[PDB]
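Quick setup: one chain, the form solved without the ligand, written in structure tokens, and binding and motion questions come after.
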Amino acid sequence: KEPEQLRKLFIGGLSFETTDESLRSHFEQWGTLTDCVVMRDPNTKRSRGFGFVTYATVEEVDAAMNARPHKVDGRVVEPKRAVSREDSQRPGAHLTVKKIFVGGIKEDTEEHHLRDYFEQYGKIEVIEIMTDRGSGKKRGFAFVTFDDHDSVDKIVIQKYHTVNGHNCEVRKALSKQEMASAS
């Protein structure tokens, strides 16, 4: 079926008392769970305050994210699309942000090209195709802001994105300082 990575959600901010079972009890309400686990320190067996749930289908994952906010064992938790272990090493991979950087877009790209691809992921708030202040020339990248951080997360976990007929690279937007800090 769909890849395990795209069927899984990271659940952060779990109460100290949530266990594999109480977690499953909550999330099974949105579909069939193929995996459900609270992460624990190997040594002291104590909860690390986070876990994962994996559904049989991405559509169930989507259903669960459409049901936010989630309260598990009396605490509002923070479900997020699961970012792969390799991608988790990149700067800002786990940031909650509503904006993405879209790089490598053709000179004739227009806003409608960005909408036709990105509106299927969520409600768009702002689209900025960047130009050099001063020369007025296109720089080949844009920013797109959405109303929900999950739209960004669901887009960046996918590998390819076709805008104005060709692939473009999409990453979470890091600020000017964050880019420096990741240098």
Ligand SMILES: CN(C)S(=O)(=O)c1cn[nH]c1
Given for the second form:
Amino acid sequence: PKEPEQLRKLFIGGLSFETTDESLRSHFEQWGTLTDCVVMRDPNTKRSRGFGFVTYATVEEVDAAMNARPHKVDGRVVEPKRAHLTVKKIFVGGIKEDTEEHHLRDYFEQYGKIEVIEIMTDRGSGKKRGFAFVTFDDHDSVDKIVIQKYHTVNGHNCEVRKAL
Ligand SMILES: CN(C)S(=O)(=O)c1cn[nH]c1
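Okay, that's the form solved without the ligand, but what's the structure of the form solved in complex with the ligand?
Let us now look at the entire complex, which starts with that chain.
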């Protein structure tokens, strides 16, 4: 049973205009089986639009490609992103009053490198408000997080979304 194709795609921006379907494929096949690989071109001139997409056979292969950034393709560092609101920070809601920093760190550190955890407290009383923000060093962490159907932290079913 195959993961949905949309979750196996990487949009690659910043291409060299000399990158082709074939040279994009030869590069990104280092991290998995590619079922599709296309450079976007002008319909009349055939000149590259400077971006394209690759489709891997599995999500773990997408992860491997993202973990191998930075990618220099045909002499140019490109910008891969999963199938964009590119942010490094998430809102985590539903954590109630008993969730602490280490609960959030232990869970979210497996999505990416954490730089800030902010457990929100009431301005007047100091009581925990039941939500938090986590800032990572890179957007792919957030992209992986928000496509999951579920997040369970400290026994709580959490609401997680991109923040600003
Ligand atoms: C470079 N990466 C492996 S990452 O920092 O995005 C990461 C850390 N844990 N999961 C992903």
